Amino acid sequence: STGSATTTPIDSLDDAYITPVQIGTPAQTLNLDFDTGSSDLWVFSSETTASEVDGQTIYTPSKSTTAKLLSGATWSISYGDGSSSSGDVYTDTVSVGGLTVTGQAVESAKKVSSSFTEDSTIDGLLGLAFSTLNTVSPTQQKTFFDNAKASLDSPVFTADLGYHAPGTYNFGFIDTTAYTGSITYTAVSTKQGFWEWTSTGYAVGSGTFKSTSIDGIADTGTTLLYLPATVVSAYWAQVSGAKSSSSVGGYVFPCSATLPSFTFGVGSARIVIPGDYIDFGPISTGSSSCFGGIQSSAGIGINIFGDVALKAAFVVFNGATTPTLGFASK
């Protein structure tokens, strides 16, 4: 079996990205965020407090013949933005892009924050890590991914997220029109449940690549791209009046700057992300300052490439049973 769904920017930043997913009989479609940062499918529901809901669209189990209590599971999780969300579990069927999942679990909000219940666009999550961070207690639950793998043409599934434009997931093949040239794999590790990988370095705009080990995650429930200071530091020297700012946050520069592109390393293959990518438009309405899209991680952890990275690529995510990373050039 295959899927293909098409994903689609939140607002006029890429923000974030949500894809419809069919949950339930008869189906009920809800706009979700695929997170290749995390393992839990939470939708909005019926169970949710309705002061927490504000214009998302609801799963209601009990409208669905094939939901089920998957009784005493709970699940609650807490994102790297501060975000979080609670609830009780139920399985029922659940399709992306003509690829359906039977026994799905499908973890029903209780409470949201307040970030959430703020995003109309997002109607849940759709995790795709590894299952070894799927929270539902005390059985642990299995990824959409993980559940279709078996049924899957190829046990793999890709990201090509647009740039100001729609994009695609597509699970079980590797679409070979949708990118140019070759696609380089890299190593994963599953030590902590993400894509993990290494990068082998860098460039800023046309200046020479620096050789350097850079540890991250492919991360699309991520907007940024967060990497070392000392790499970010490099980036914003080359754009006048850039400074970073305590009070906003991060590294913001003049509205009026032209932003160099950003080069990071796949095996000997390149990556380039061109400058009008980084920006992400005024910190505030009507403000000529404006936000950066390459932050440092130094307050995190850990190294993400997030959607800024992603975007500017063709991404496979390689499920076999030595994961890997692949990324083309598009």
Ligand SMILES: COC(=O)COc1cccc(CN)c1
Given for the second form:
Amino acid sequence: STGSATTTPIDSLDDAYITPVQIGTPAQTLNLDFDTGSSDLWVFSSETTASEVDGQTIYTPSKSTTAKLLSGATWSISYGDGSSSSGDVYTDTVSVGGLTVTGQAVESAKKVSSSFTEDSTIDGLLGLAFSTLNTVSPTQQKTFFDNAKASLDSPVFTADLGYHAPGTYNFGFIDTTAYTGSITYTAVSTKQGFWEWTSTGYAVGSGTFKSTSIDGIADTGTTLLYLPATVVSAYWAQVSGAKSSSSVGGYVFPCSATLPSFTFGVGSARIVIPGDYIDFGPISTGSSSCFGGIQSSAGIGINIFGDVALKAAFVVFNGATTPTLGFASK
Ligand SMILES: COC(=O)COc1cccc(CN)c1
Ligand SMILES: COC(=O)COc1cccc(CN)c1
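Same protein, different state: after the form deposited without the named molecule, show the form solved in complex with the named molecule.
Below: every chain and molecule of the assembly, starting with the one above.
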């Protein structure tokens, strides 16, 4: 089997991407944030505290003839940005782009943190990291991809995120028309539950490539590119007037600037992020100070190849017995 679904930016900045997902019978379609950095499929629901729902579409398990409460199961998750959610668990039929999994754990939120409530466009998350990170207790549950894998034509999914435009998540096949050149594959460590890999270096604009190992995770659920402070300083030094602002929380730059590109290495291959992809717009409405899309990871504990980086590539998440990642230009 295969599946193919369009993923759409939630706003004009590409702050996140939403993909329609069919849950239950008859189907209830919710727009979920596909997140290769986490492993829970959770949704706003008829059980979510009413004051914490503000425009989201909810899953109502009592209206699904295939929903079954997973007795005794609860979940609770905290994300790297400080947001969180928790609740109980159903199993139900879940379909993405024509690919169907029966008995998928659908984690129904009883509580969500303010950042989720305040984003009316995201109805939940669909985790695509390794199932070892799933938070369901006392019986950990499998991700959608893990449940589907054995049925897929090939045990892979691909992320093709657009810049200020829709893109595609495919399951079970590699669309050879969706990229240019070749796909370069690179080793993955699953020891932390992530799609963790080592980039071979970077360049700023037309500058020389610096060969250096940068370990990080391929994370579709993170907006920005978080890299070591040395790398980030080298980038922003090429933007006149750019500075790190403690009050804003990262590098900012004059909105009048033209940003240089940023290149990262995948083996001997090179992925070029155009400068425009690094502009996240005014820090507050009407400001002439703009927020940068490349930020230091120093306070995180891990480097993160988030959407800023991934949207410059066609990315293969290869879930073979020994997983690997593939990157192609497009
Ligand atoms: C440092 O991370 C960011 O700035 C990500 O910003 C957003 C992430 C998701 C949604 C929105 C707005 N609904 C903003
Ligand atoms: C704005 O959001 C972030 O910066 C995310 O931070 C992370 C920190 C550690 C691990 C992960 C991936 N589970 C994400």
